[PDB]
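Shown next as structure tokens: one chain only, the form deposited without the RNA.
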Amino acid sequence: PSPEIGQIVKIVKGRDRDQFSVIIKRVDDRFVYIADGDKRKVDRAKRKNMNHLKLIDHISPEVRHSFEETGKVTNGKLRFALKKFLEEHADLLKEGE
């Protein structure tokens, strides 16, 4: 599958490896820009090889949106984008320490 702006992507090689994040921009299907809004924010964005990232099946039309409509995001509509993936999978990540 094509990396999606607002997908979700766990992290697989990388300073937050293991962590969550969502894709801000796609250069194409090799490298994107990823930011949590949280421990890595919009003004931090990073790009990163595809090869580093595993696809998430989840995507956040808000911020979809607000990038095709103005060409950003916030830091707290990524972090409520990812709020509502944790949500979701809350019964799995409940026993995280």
The other form holds:
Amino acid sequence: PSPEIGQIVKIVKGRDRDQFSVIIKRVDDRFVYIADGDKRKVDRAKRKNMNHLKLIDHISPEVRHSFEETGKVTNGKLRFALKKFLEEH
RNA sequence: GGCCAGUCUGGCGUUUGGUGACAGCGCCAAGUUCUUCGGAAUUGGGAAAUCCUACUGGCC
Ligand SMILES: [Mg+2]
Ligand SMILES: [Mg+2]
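Starting from the form deposited without the RNA shown above, please give the structure in the form deposited with the RNA bound.
After this comes the whole thing, all chains and molecules, with the earlier chain placed first.
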């Protein structure tokens, strides 16, 4: 399906491959921006062709809510979303 | 399959650039060429091409 804001992804291509990240912006049907709040923080988020990601069936409500209510997300909240995702899987 | 734009010796490491193939950086190796023997240049196949294998992105 379509990538969603706050969705967890596994990077499959690029030098950041095999890491987990969070979708923080959907440019169009092909390109997104991802960030993990650690080695790739929001202010320098990584542009990605969606075909170079694997969509994981987990969407963080805290990240999605933070964009709706505040228009942005903190690196702290990204790190929490990923750390919480890894614990449940 | 067609069209357009790209990538290149191998291994390990990589908070850097790139959507990506990759590149850059550190280390160990390999091929090619040159050498004043101290070293120097270079890296898919090709003498080379609007050429070709593989691979990457886009359109169909
Ligand atoms: Mg190289
Ligand atoms: Mg193609």
